[PDB]
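Single chain ahead, by itself, as structure tokens, in the form deposited in one PDB entry.
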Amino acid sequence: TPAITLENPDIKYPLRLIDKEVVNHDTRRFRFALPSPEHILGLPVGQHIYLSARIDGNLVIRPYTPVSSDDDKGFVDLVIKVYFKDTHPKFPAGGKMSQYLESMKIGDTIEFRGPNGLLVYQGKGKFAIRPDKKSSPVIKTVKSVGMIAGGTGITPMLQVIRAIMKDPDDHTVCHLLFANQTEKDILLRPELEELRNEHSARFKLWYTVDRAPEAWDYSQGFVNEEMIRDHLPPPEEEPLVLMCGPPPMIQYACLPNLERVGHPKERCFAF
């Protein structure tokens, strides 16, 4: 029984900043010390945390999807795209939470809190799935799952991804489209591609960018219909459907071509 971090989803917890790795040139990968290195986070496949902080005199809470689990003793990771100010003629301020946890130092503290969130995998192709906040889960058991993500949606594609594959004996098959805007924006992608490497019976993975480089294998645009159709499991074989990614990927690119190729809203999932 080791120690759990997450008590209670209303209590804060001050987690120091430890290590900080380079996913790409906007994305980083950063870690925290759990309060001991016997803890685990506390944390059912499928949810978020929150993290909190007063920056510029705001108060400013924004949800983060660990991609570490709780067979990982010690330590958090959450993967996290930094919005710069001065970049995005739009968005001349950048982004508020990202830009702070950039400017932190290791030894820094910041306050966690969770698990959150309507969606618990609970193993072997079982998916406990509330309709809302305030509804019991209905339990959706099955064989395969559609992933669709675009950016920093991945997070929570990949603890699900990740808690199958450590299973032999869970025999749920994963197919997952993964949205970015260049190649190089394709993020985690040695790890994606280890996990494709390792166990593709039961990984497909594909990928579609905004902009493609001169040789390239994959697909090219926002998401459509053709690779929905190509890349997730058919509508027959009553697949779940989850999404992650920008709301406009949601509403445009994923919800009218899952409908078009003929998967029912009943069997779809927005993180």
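Take the two forms, find the largest set of C-alpha atoms that superpose within 1.5 Å, and that set is the rigid core. Numbering follows the first chain given and starts at 1. Compared with the form deposited in another entry:
Superposed on the rigid core, the two forms differ between the two forms by 2 Å or more at the C-alpha of one listed residue only; from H171, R196, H88, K126 that residue is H88.
After superposition on the rigid core, the Cα atom of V23 is displaced by 2 Å or more between the two forms.
For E7, a C-alpha deviation below 2 angstroms is recorded between the two forms after rigid-core alignment.
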Given for the second form:
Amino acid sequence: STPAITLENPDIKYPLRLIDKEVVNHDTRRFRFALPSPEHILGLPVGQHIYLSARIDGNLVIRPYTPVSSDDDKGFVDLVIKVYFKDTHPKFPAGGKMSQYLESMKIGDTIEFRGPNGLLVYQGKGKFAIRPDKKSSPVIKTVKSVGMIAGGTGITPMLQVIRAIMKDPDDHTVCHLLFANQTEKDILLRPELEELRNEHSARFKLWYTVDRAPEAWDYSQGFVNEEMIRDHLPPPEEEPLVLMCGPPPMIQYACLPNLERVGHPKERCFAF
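Right, the form deposited in one PDB entry is done; let's see the coordinates for the form deposited in another entry.
Here you get just the chain by itself.
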């Protein structure tokens, strides 16, 4: 038998109750929500995400999230959230709508989840099912390696796939992650990524870049560029799948042009 799934229908919203909220650091939270019973699982295929929706100051707001939990976790779903507070970043004085709304929730409050969503599903042992659009059949392709470029919150789609591969000892897919952030302080999920590197270095390659670097810095500084893609993703001759998730100017200016310069087919670079 298999556990009961929570996300039974992708057009249904499921209000889930907040049970724990961890202050990871000043602006990072881990929120745990209860599933309908302690024996349920979420029902989120690897590669897909959920949406949160709420009425936030009178207007509907919907945003995608990839949990840090998996379908191995019974009874709960965990989201790691960067809270974008007002009056912090000069280009974003209002801060972020859903992340500040999540920060305001009280234990016992509910929020609507929906899913699964997303055009990519990882089928295991290097095989990805990628739809060109939602109403269309997936292209299945099997790769030996996966390049991953994450910026900021775009790490959680990558971590979900990395963790699904590493937990299968007979999955020989090698993942190469290049993870960009504004500063060293702003990096999410660093201990979790470094645990995976400690345990799985043969199949997991980890590199960081930061827009501005600390005094003591072992990795890259600046935006993702051609050199970093040569040095930190599989070469195009190996025909890796390239996955990306990050802010639009990062994808548009830093990632796609440089993936193309290296020779990866741009048309095949998938953005979550």
